[PDB]
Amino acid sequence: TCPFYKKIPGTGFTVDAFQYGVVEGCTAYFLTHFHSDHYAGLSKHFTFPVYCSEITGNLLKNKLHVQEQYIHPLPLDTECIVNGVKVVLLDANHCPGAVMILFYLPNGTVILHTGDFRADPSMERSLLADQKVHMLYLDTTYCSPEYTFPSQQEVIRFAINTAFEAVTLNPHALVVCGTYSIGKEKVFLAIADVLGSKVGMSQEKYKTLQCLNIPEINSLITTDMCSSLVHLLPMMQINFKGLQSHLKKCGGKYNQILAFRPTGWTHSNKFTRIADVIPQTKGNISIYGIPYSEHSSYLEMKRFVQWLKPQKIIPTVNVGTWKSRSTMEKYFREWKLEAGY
């Protein structure tokens, strides 16, 4: 059965609710982004209308085989009528194709569902500037002050400089980057660009990247591993064993691996600056954990919510424990008393 925080009152609509079977009363199922916890349940057998971005639509058709007649893509930043209700889709600054959804309810209430997002000041000049929001359904992944991490630009600067240094000292080093979902593509794209290489990967991952409308993608990626000195591998293989095993396969072309594991936040964020990060090393293999986040920091989240001034907040992450729910409600009240709404 579908939980309450996935239902939009006063509508026939649900958000990210495909794992509960046929939901009673649902005439349109919205999908915010192509991450498995959110699409869990969709397949080629699905026969209800799905509303989403163009990119999410390309992935539902090609990767999950949902039939074309049930895929309803909407443009961003554009007022659209769905089953008699005005909606708008906004870029969520998460993974490719990820949206926030603004719903303009027939009774005059306005609801924003963030999906998963990384709040940014640029959102203060979207179609959100124009009007009031009564209810915010908020991605609270990192809603606690201990959750700090750098900008995505600083992280990419660290990775480019690390890779370029290592390969210039040793032209026989291979760079490997882990992945397990869409998102974070800038890590491997920026490293390959500095090195003058395409990115090599499996046929399955190439297929996924080809759904994402990235400009000039044919110039940036390939299935021919041998021609490439930046390889992608599943995240589970980014360990000393997996990487040793991979270096054997390259036919004595390389004598060193430098690998990157983009994570979210990890506790080493509490003590170490991005500048000061060091790898784990065994022999000719080195592994860097880099804190590339596609979710809001606590400070970015606080800023967004204090700017929007919603009348009510409904969290969509960390909702399963009393202690989590209580902690989050405390911070929402501080924010509201500090800013005066």
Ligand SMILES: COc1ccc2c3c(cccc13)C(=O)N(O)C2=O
The other form holds:
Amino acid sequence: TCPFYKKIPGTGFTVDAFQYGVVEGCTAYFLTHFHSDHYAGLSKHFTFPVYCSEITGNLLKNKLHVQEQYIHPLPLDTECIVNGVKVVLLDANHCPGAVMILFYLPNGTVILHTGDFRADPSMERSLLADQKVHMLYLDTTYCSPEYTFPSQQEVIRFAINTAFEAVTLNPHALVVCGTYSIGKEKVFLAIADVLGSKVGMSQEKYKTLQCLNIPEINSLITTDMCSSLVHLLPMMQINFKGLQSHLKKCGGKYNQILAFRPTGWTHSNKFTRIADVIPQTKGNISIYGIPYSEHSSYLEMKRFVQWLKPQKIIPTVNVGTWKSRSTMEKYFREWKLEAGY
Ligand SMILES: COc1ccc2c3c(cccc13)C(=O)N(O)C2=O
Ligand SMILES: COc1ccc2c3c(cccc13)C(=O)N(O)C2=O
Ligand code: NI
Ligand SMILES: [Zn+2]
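Output block for the form deposited with the ligand bound, input the form deposited without the ligand:
Below: every chain and molecule of the assembly, starting with the one above.
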């Protein structure tokens, strides 16, 4: 049962629809980015063409072992023709390799699928400025006004300052950052840079980062944990028990852990500004939850949609309940009446 919001009308295209078997009529499967809820179903035994960014294609080949004959990477900001239809991939400001897709239908309809994105004013000067867009398939993850969080710049500044202070006060403190999906790499890269260290991680995480075309990555990451003052761990280990366990394995090199858990929005945001964020502490371990989002805030999403002025909006997130659907449609109507389209 492939949902309608993953189908592109007038085409043989689906978007992020790999867990529904052979979709009837689908001649090309697009993947917006390498996140689990979006590539779900893709495996080494997929035998249909997959269209994606170069970075996403690297991850499909090396992490999911999809055969190269079915991986069709496309450059960004470049008009391409897929099965007789003009398409453009645009940077989504989400995770590495994440794209939005512009479809130019033969009948003149223009469709923008945002994939997952964090709307930014720089998108208002992309190839979208040249385009009337009739249908918008919109990442509505945080489509409610209570969803406020700081800029990525502000969050990284807090993380850098917090880590530099803690390690300058105690040179025997270890910094740990939690990760699961790709994305939010700036958190641990910026901290390692201010500490003059490479980032140590597992072989599997190292493999993943090697696929991301990050400039000078070999100067920034390592599998030699002993040489690193900043360690990556699975997000599930970012707790007092998991961190105590990791500290023991470091052989008495460290006597303190400062850990960061990059989250999306938490209602702590509704009460606390980034400068007033405090950690959870138990003994010699402190855990900071930092609101580093790679999705649009409500205000960022509203600004983007009011600039784009689409004729029709199709939400791709929070579609499962009538309450969420009615809430989002109320906001779309508000935005349209305020802006005048
Ligand atoms: C369990 O934590 C996640 C699982 C899946 C995803 C995800 C994302 C952000 C942040 C967290 C997650 C995301 O952007 N996407 O697409 C995902 O699939
Ligand atoms: C199972 O838990 C998730 C599955 C998918 C997603 C997700 C996210 C946050 C937090 C959790 C999840 C998210 O932001 N996005 O985009 C997702 O697709
Ligand atoms: Ni995502
Ligand atoms: Zn997602």
